[PDB]
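Assemble the complex: chain A is given as a structure, and chains B, C, D, E, F and G with the ligands must be docked to it using the hints.
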Amino acid sequence: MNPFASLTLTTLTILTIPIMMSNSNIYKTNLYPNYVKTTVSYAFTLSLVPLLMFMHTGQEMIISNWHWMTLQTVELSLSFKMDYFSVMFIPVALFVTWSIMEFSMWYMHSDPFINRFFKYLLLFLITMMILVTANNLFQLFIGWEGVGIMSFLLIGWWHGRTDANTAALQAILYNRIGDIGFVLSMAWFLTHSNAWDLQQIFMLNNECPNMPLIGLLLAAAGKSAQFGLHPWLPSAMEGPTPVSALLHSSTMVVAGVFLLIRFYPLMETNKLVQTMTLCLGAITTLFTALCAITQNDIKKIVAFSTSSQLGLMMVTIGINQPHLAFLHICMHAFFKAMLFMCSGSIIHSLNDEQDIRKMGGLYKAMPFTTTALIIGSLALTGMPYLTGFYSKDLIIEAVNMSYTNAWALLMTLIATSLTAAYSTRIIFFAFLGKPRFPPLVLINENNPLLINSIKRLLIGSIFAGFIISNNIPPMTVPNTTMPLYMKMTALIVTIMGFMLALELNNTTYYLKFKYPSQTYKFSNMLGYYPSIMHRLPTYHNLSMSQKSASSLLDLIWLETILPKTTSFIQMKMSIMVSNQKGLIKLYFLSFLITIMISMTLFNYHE
Amino acid sequence: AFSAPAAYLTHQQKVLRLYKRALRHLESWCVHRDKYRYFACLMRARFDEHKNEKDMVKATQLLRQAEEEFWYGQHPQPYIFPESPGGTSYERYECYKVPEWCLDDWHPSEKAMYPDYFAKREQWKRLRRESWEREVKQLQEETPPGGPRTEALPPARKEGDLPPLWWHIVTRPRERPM
Amino acid sequence: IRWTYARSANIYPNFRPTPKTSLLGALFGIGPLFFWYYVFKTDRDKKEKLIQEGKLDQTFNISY
Amino acid sequence: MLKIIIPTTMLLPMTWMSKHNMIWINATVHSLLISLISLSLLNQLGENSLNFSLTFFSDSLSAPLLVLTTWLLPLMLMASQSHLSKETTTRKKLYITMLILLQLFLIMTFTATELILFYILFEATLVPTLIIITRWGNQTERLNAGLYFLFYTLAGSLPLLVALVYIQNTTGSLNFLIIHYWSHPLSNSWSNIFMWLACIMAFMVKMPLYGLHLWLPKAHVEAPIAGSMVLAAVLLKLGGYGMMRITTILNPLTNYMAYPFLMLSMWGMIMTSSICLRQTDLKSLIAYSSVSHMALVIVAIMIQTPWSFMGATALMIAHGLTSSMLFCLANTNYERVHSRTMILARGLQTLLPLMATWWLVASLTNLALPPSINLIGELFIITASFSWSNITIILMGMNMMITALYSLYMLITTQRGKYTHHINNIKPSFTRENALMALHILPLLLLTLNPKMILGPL
Amino acid sequence: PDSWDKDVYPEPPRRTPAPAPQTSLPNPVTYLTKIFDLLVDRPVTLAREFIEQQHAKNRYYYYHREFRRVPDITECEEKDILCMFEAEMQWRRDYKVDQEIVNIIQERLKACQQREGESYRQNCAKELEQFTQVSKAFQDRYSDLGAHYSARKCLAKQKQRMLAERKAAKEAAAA
Amino acid sequence: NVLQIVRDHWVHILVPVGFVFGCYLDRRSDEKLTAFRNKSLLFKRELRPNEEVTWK
Amino acid sequence: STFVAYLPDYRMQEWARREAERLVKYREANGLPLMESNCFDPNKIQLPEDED
Ligand SMILES: CCCCCCCCCCCCCCCCCC(=O)OC[C@H](COP(=O)([O-])OCC(O)COP(=O)([O-])OC[C@@H](COC(=O)CCCCCCCCCCCCCCCCC)OC(=O)CCCCCCCCCCCCCCCCC)OC(=O)CCCCCCCCCCCCCCCCC
Ligand SMILES: CCCCCCCCCCCCCCCCC[C@@H](O)O[C@H](CO[C@H](O)CCCCCCCCCCCCCCC)COP(=O)(O)OCC[N+](C)(C)C
Ligand SMILES: CCCCCCCCCCCCCCCCC[C@@H](O)O[C@H](CO[C@H](O)CCCCCCCCCCCCCCC)COP(=O)(O)OCC[N+](C)(C)C
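Chains as they are written, first to last, in this note's numbering: chain A, 1 to 606; chain B, 1001 to 1178; chain C, 2001 to 2064; chain D, 3001 to 3458; chain E, 4001 to 4175; chain F, 5001 to 5056; chain G, 6001 to 6052.
With the rest of the complex left out, here is chain A:
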């Protein structure tokens, strides 16, 4: 019965088995991480088959297997979309997760709660698969919030440390700001198209209005950490290195971009939202690449690089090239995860040191890590015929040859120069020169888990671009004719960035000292954006929620008007009524007054 559907469902289903076994006598032993890693590897191998079927015949499906509930005219069912995006993303994510889990078997060996860590990693993977394969907006929202919560739990892994808890709550806050737009899109689609599934939404919206697309763009900006809601991604480096390599670099943070790739038929018919997406991506990639070039923590540099590449993906979506953006997601996963793993290897070798100013000459002391990091940097910069070339080069050429905002084009070119600049910074400060680490040398990368994981990701970073490009049907029209200088624009700007960064880094060897400029201060302190935006709005909100909502209104005026006034009035009237001297003279005079009044007021009128 056409094994496509059965295999696609089984790939997702078998990932949940260790979750069900987490209460057995394997979660209490030291064999649980290997069990989870083997399950993930088997899932990847199984998922390779539907990909082959699609590459042969272009086979696609939707499976609506379970009917959850039905409203009056709206039916909600558990449905999975098994189109090109799902069947291409699942093997890539599974391969990266396999490599990162094998890496974590070595990186987190001293953690007393490593089994919970693997259980956590698998839960994130399951939620991400639910997000990716969803066919209706409710299932997609389930995956959305699931990966958000898993990221919150994994960022605050060391929960006795204040900064980790702060970073986790910050990620939640920014993602909730995006979730507002997600919910707006859901409500608009249900009240205007009477559906939450993709098929009816595509049928009933030939010219989509602004509001649902703007909601989707807000959700994507939240999830992919675009300029307005960017700062949470670099702060998410508070978690362990495997979490950074898996969730916050290659798989989860592309989800927002993936969302816009899902709704590309609607975005194709709206010029204003496309322009907004393009400008947002351009400013994001420029700002993050500009922040990255002065950072001293290696994880911060790689995180800002990830944010800049997400901005480039948003730019690609903005010029109406969604398939190129998806291809770039797939290409970027490999070398970004490898770069994070190499950084983690360096950190573990140098007694958990993350500052590049205390990493000296590791080119000879750490040969395999040096080779992997060099290959990853070359792939990230779009060096010809590597994995990053087959997406980034085409993206740059498509941006050049389109009717587009000129400022966005300029910022894209400047950002793709700054990419090579910060890659040069990492390589120069971490691997070249003389040692700057403490004298007790414990450098050792001779461990089969680390070597095998990095080697797998390295083979991917070398060959995946060619393999995937030559095996997909063409969904776009190629830019066959271009001026030679515009064909070489990406290579030229990369070379200029390389040379300028090398010169400015070589100047550091001189015996000259000068106080920094204001531009350097702007770059290093992240445009002062976290300094102002995490102090002024938070202070005003909390101060108002104490002074006005709690004290002025709830504790004073709401008390004053209804209950306190009633108590005061009743008490005063009680004092007035009950305080009589008990002298018959006074109230017998009162009786006389009452009798006369009753004889005149009521009795005279009959």
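One should not assume that every hint holds.
[Unchecked claim] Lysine-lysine pairs mimicking PhoX-like chemistry, simulated, CA-CA at most 20 Å apart: (1) D:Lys3427 to B:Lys1111; (2) A:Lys358 to B:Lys1097; (3) B:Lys1035 to A:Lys514; (4) B:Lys1035 to A:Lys512; (5) A:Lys547 to C:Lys2046; (6) B:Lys1097 to D:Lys3418; (7) G:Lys6044 to E:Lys4157; (8) E:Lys4096 to E:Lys4079; (9) E:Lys4136 to E:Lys4159; (10) E:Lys4006 to E:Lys4126; (11) E:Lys4170 to E:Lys4159; (12) E:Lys4006 to G:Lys6044; (13) E:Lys4096 to G:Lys6025; (14) G:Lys6044 to E:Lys4079; (15) E:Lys4153 to G:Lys6044; (16) B:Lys1111 to B:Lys1125.
It should be emphasised that the hints constitute simulated quantities derived from the structure, not laboratory data.
Chains B, C, D, E, F and G with the ligands only, in chain A's frame:
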């Protein structure tokens, strides 16, 4: 962290703290070792140039100017040791720290494992119970009538005494507990 | 104990109606309500007027 | 439906004839059996209600509420027996009698066919609650709380009574079926406006509506644990049930009489969510959470659409379970450290891991993580409000951001960080407390598995 | 299969092309699908055959319930409670059936959109038109009744629409 | 010896007995609302050759 | 939970689906519109005589 603070810092203490801070931030600026050594020697010469100033007012004015210059020229992202209050591993292992009194609540089946450890624990508890009253008496004797004026505590002075208020210092969990 | 008591139970006994207290109470307890009432009433009046004229594009609007 | 009413009335003498050391066991066992029996009311029709007799009927709106009441009684019994160990036998039996009488009144309230019988039972629920609060509360403020609980209610309900009898002199009946079938529109006159207000304000103060909510933090903080459980889970839903019943005779006046209440609900939802961000008492935070969720329910009832009614039903059930669980979680820490200050005991995940898992799940359901029924109700109400006006997504959106914040804030304050050094009396969690948490949380996810049972008659 | 009516849920004749190999290399898809057949499809088929054999030895039936037609709300006197009750129940049943009709049409639309692939904008015109007509009729019948809907409010809505249409027709006649 | 057991656990029949009595009273209440049994326009039906009433 | 999961279909969802299937089949066979904007027959309705 271990020493009891004083009521105020002296001029020499402030000068030395500024010297250490300036050298650390200069090392943050001067990444390479030889360049840092050169500029650190220059900084030391600049510091000991005005070492023999007998006028205290001029000394404090110089210190004020030096602190203003430091605040202007500080590295916005100085190097921090990973376990220092600003480091990447500052409070990483605090979630693994468990106070010792929790061991009193273990089920007897859990205590059936580790018999010798719990016998030693009982010995330590007996020692603490026997020493407490003498510690309190020594603190009562040694304290001035208007209450203590510093946070410094006395040592043991008698034959088999223990330094007062020692239990929670001696039975610290660990730096790497689990 | 003093902090929590001051933040909870000591507030009303130390409250006096003053021009500052009265003005801030009136503003922050009445202004938002009428602001949102005006916004929502204007929006719904516009929508109702559009519906009466028969130009709102209510096609496929089944669920409400 | 006497097959549910009579066994509770039998719980009464069974408790008063039990041996001194078997009261809790017998009460819990037979309460659970009564809940199992009441489970059969979920078999509902698509056209009309289950009309048992001239006096009692069951709808698709009241059956989940009855199931929740009967399920909450054993949980209250389990939560109460810890802090009542030192009590005398007679006073323990009196406490259990109060709980049983409250359950009986609620069961008869949710199924009464006539509005005056409903009113009588819905006022009769006041006495056991007030007695429980003012007799078994711990602090001196409980007395004041009791007064705030009483008059706030009665000042709303005394006008309603008048309106009710007036209606019976005009239409000749207060039977709900007759009232529904013989419905006539309300004209726009001052008399009709004041009739609308008399019919609405009692339920408004029961929800409670923002501005009329001051009784709730006092009553829900000063009460014993079972009192807080039953106040948050069931007694707040009396207002919503009564409003959804009474709105059938208020059209088309509601079309414009709802504006002040809608504005109050939305803005005060924002306000109470903000108040939760700066709260030093852990119980008061949960109370203000209840206020925000009930503001959402009020908006849903006021806009009068099928989607809003379904969302309101789901939200009431989900909130009942979640808020009861949160109150029990806070009570465990209070019984350990004898203080309600949130920052006193910190880093409890290091000392109590399974209780930390319970805390995480409860706070996840509070912020309406999908696909929980909390989220289903919230999303249905938000969609209906969006249809009512596209601008509401602003305020609702802000609420969704604030809720999670304070929810996680609570968790981060109690479970994470470092433990307080001088607190050395934190004993391991008892089997009773873990079982209480599980019996709260498992029905929530089970209901997620089959959500049409809590979606109401619409 | 025969489980559902193929006129209520129609499908196109399902044209699929024949394999046309152009390379001497073997097809991994064919080898993998042969393995999947032999290793998965046969044991499942045998289990289903056993289960169906067991089912055939115990064959019993259930029936679709039939409802006759009672007088509508239009034929009921103003205060006649029993006739109003029967008419209201009939109206609610009709409302549920209309909702299911809309659901069937929406299912057709969604299936056509998925089936037609890149040509859905042109190849799903008929299903879109059917959904447009059904949605317009359903919106005319039932929209804006609100919570606490009934047959009487539906009748009032229809009378109002009829009055407006009659007035518009007579005013256009005078043109 | 069953005397002590009975005098200690005779309170365990009160609630089941109440359940049975409530069921009986519900049947009695149903007995008083048969004015339209087999008389509605929707469900009116000819009697079987044996059965006396359509429902109890 | 088991008792609730297997509760018989008194909500008449399957009955309504089957009735709608029969109605759609009949109306599509005879070429009638699938649904009518009027749920009540106008011949049983008497409008007011005069609208002026
Ligand atoms: C051929 C056709 C194409 C033509 C292209 C253009 C032709 C020109 C070719 C070259 C152009 C650029 C050349 C390099 C630039 C200079 C680099 C540099 O670092 O100089 C040192 C100097 C500071 O050095 P430092 O402080 O001593 O370093 C600290 C230590 O070294 C600490 O050391 P460290 O270890 O920490 O490292 C510091 C770090 C970084 O050090 C820094 O922090 C300095 C940052 C400079 C690099 C930033 C470049 C990105 C520019 C984006 C701007 C977007 C608009 C922003 C607008 C702001 C609005 C306020 O150094 C690096 O890593 C290397 C930096 C980047 C090198 C690679 C350059 C590639 C990007 C730019 C060239 C693009 C090439 C292809 C173009 C393709 C287009 C078709 O930087 C500058 O002063 C110049 C920067 C330019 C800023 C201009 C903005 C205006 C400022 C005044 C505002 C006026 C206000 C008026 C009133 C308004 C009222 C409202
Ligand atoms: C702390 C929170 C407590 C709970 C909140 C309860 C909310 C209650 C608010 C009542 C909502 C509206 C009530 C009546 C509807 C309209 C009111 C009036 O302002 O509208 C105009 C009324 O016109 C003028 O405003 C006359 C009324 C002015 C006198 C009313 C006093 C209001 C002053 C504020 C006092 C605060 C009251 C609350 C005390 C706590 C409309 O013009 P008109 O078409 O002609 O009147 C419609 C009725 N007709 C058709 C029969 C004629
Ligand atoms: C500690 C370790 C934890 C992790 C390990 C767990 C190991 C695996 C176990 C987890 C199982 C995963 C759940 C996956 C769902 C499978 C079951 C599902 O398919 O059944 C549902 C059925 O679920 C039930 O319907 C929902 C349960 C009902 C909830 C009532 C709770 C009981 C009352 C308790 C007190 C009430 C308090 C709340 C008051 C409102 C589907 O219903 P339905 O689609 O129709 O079926 C159609 C066919 N039928 C109708 C013939 C049956």
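Going through the hints against the structure:
Between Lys3427 of chain D and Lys1111 of chain B the CA atoms are separated by roughly 16 Å; this keeps the pair inside 20 Å, and the hint holds. Using a Cα cut-off of 20 Å, the hinted pair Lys358 of chain A and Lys1097 of chain B is violated, with the two alpha carbons roughly 29 Å apart. Among the hinted pairs, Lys1035 of chain B with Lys514 of chain A is consistent with the structure: their alpha-carbon atoms are about 13 Å apart, no more than 20 Å. Among the hinted pairs, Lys1035 of chain B with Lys512 of chain A is consistent with the structure: their alpha-carbon atoms are about 8 Å apart, no more than 20 Å.
For the suggested pair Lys547 of chain A and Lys2046 of chain C, the alpha carbons sit about 37 Å apart, so the restraint of at most 20 Å is broken. Among the hinted pairs, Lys1097 of chain B with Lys3418 of chain D is consistent with the structure: their alpha-carbon atoms are about 9 Å apart, no more than 20 Å. At roughly 15 Å between alpha-carbon atoms, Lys6044 of chain G and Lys4157 of chain E fall within 20 Å of each other, so this suggested pair holds. The hinted pair formed by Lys4096 of chain E and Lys4079 of chain E fails the criterion: a straight-line CA distance of about 26 Å is larger than 20 Å.
Restraint check for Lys4136 of chain E and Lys4159 of chain E: satisfied, since their Cα atoms lie roughly 18 Å apart, inside the 20 Å limit. About 17 Å separates the Cα atoms of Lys4006 of chain E and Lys4126 of chain E, which keeps this hinted pair within 20 Å; it holds. Of the supplied pair hints, the one linking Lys4170 of chain E and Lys4159 of chain E holds, its CA atoms being roughly 16 Å apart against a limit of 20 Å. Only pairs whose Cα atoms come within 20 Å are accepted, and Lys4006 of chain E paired with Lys6044 of chain G is rejected, the gap being roughly 37 Å.
Distance hint between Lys4096 of chain E and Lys6025 of chain G is fulfilled; the C-alpha atoms sit about 17 Å from each other, no more than 20 Å. For the proposed pair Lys6044 of chain G and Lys4079 of chain E, the alpha carbon gap of about 18 Å is at most 20 Å, so the pair holds. Among the hinted pairs, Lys4153 of chain E with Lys6044 of chain G is consistent with the structure: their alpha-carbon atoms are about 16 Å apart, no more than 20 Å. The straight-line distance between the Cα atoms of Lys1111 of chain B and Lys1125 of chain B is roughly 16 Å, inside the 20 Å bound, and the hint therefore holds.
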